[PDB]
Amino acid sequence: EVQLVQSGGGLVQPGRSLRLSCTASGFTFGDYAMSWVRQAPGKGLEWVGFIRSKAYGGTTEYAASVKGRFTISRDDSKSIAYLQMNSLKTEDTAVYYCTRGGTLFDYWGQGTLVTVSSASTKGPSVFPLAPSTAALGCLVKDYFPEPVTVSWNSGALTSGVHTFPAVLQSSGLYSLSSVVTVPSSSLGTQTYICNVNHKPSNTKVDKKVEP
Amino acid sequence: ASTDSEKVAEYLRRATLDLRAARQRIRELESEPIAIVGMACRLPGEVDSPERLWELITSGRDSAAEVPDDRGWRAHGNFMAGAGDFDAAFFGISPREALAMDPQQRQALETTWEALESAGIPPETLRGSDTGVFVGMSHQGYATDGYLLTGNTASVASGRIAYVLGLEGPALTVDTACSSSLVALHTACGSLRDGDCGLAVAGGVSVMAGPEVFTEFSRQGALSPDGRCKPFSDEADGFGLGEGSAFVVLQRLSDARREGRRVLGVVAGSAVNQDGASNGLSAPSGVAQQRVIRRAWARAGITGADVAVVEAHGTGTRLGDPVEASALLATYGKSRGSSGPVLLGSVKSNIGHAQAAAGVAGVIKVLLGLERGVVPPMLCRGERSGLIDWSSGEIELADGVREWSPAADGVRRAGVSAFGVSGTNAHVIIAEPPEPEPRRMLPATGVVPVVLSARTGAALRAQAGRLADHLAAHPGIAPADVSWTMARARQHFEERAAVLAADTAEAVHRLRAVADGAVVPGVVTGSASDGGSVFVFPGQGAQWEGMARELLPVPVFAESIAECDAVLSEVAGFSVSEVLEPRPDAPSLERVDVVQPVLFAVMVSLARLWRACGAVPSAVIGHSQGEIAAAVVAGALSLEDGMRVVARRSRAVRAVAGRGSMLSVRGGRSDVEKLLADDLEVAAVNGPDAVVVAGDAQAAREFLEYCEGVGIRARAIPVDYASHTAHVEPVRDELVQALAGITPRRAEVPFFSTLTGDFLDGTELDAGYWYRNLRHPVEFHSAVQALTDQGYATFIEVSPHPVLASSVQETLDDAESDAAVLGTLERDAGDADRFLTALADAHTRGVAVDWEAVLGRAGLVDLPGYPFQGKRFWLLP
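Line by line, the protein sequences give chains A and B.
Heads up: the first sequence begins at 1 in my numbering, then just goes up one per residue.
Heads up: the second sequence begins at 1 in my numbering, then just goes up one per residue.
What the hints contain is simulated information worked out from the structure, not anything from laboratory work.
Check before you lean on any hint, since a few could be wrong.
[As the list claims (entries may be wrong)] Simulated crosslink set (DSBU-like; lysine-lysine; CA at most 35 Å straight-line):
id : chain 1 : residue 1 : chain 2 : residue 2
1  : A       : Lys43     : A       : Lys199
2  : A       : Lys54     : B       : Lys7
3  : B       : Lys7      : A       : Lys43
4  : B       : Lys7      : A       : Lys67
5  : B       : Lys7      : A       : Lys89
6  : A       : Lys141    : A       : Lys208
7  : B       : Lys7      : A       : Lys78
Just chain A, with the same shape it has in the complex:
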């Protein structure tokens, strides 16, 4: 079956370089143009560029925000398309998709996250949103990299729980907030504990919340 298996991303400091791969299978790679499209966190699909098939010259076009910094290449013997990113910026943080075709994108890869940051690994600081139906929660601040997971009462409490997408603050560190809405009987043998877990800095925190 048609396959476009991507690989080659991850964390990388600004100014450095990074090359993504797209390995095709199940179809005649050399017959297609191949394009790269990216999506910054939360935002839209943005065109990066493409390379024509050899039959149409095997030539390349790029978006203005990457021209001279990024270059697209292809290797029809290994059926691989490449994106070579140079002089990376934080603004180049995104999921990168390769896609079959240069005008009709009729098959896409799973995508590859590229995070451009000079932040160093760091554990979270957990603060409780005391329950000023009652609402209480946990504020998981100032960690790096993602992810960080949160549960309530070691997974016993799942009804009324919302854990929010992490946000990236100007410091370059991430912050996440988790909340649970509970009956105002907030003392009736109902102790509430958020369990936050940040593997990339070997951190495990349990916090109680109360007024």
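Keeping the supplied structure of chain A fixed, place chain B upon it in accordance with the hints.
What follows is chain B alone, placed relative to chain A:
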């Protein structure tokens, strides 16, 4: 910036690609091959299995015999041996309803099950599934006690299978006479292709039950006196009556490839037509048979030259056979195209005319030959019929041992016919199966587990014996294939066993030990209870030379031992690997501050191996150091923290050694406690006949031992401290501040404290707990009694040697509990073989071993199916 030519280039390419997919979908709907994934056959000639059919025909034997007396009947036929036998219990049927049940219904239910086992499908996975049932069958007179209407309607023969097995596709009984089972097959392939079902059972069944059929044909004059069919012979004088079951399991080939099903063959095309206006209601029509053969070629995209074998209707009628030979000569006999003469035969020469089962019995024969590349042989008695023109040389009877040779497509194909007396005809093209082309913990083994299962003990031993015979009969069958089949392609019932062997000869020998009630080295047996597993982590006593050194390879094991190595190297001067692997100037296993952290490491690592293999603890329970291991397995405490508790606690113990002693007293409790008066304390009760007396003051111990000499079996523990006594109180303050940074968490697996005597949350296990655990009596007997009376069915001791296994069994005996007690490693065996044996045993008790994660995936092999334990039921109205 893209030229118009480039853009329209990509749309055109997409349009023609979409067109290729559409036209491939059209071909699928019209002519997708239907994979035959399973087959069962209970036919005359003592043929209980498809392979028995192969043996009967390559041995040139037939089956004609005088009528049996078991039925309430100058009279010969072809009869099934156990037509009346039925395991009513297996299917949840009362013996009252089973007696009232047409044998046709009973034989269909049993043969369907075997077909599902031949397809490697554990029938429980099909409950609520989309599976159809297509039974070719004809009403016979069995009832001429209640449930007699449901036991004799034709519609219930198909619906009863749906009900028992919980299937939800269409369930039809169809009657087209001798063509009934090929029509059933044809309808099921249409149903699969229409997506009405995703799997189908199709076939036919008949059993001679009522007075009519045999005497009805005698007056009619179509019967031979021998009871033998002589198809295509000048000695043809009628057909011999027969009976049987014959079913196949049908699946769209694309789905069978995708689920990795062994395919026996494919239905490449079939057709069903009618004689129409012929010389009479029962008269065959040669032109109608050409029409149906040519339609089958159309729907398979082949021509006559591509089929090398024809399995004919062949009944042995003097004027029936020339009609069929004429129609074959005009189709298969022309345009042979130097493919060699087509080879002709009829399973009816060997088993008689199986009536509604004739057709799929012919398919089953053809599949047998396709497995081996060998033309399926026919008896062929006497000379070729003078009424038939073999002058062309293009049709030849399948006399003996012939190589089955493929067509220009390199594919081996056969055509199968069945013509009914009502006039409805069928022909099916069976092609050989396409090429099938396409991660293990406990990696290297050498030996191999074979698990067995049945509803009762006698059925279990029968399964062992029959698998023993089959393996003795077929050496060279890969043991990994027997194991994977028996583990994954079979359903698991309550009574279980497993044999662990390195070669087919050892497997046969140990399977026969299971067939007898024998208790031999590589054999385990038990019954499967639900209720959950308790992982048991004992106290002192499990150590041995490089315990589990052989397990250090297994990647999930060595992974865990690595984390212990890091943590233990910072906290103490040494590591676990130095002590277990060869010891080059490494700490001595005799030191209490090395054996306890090293044991901790081996038990946590074993428990992880167990879990990686599918065994889930429902609770944990420890004994002194051991509750530390349990606390980590249960997630109350990280591995780092637990390795810190055991390191620092055993170093504290070392600091107070000397002047202490511990002895084991084979006695009850209050008893020893009473005796303890004057003459110091009970530090452990583990079992109702096993107390550990400490009190140190070794002098005291030295005295009690003496006294015990009178009659009490007492033995000294090779250890010079006295824990669970006041002897440990000096370490209290230093140990509780040394462990002040431990972080106990809520346990993910329930945790039963033999200190508290009840389940704990997990956060209670701070440094203070670990001191009390060292200071206070280990109330372990109570802890087992508590867990038994809450329903736990399996106790697994996770340790490099069993120490508490005995005392747990004793406690269960006094509680009259059925619960099992298993171990993990043993002193002599800490290898991957001993652990495989531990898994095998845990399996026989209900533990869920992902046998596929442990061994890998092998191939399905045709092993015997369930050993039905039938009583006879034959109503005589």
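Taking the hints in turn, this is what the structure says about them:
no. : hint                   : result
1   : A:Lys43 with A:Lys199  : 27 Å, holds
2   : A:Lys54 with B:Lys7    : 15 Å, holds
3   : B:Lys7 with A:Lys43    : 27 Å, holds
4   : B:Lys7 with A:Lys67    : 23 Å, holds
5   : B:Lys7 with A:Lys89    : 33 Å, holds
6   : A:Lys141 with A:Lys208 : 16 Å, holds
7   : B:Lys7 with A:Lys78    : 26 Å, holds
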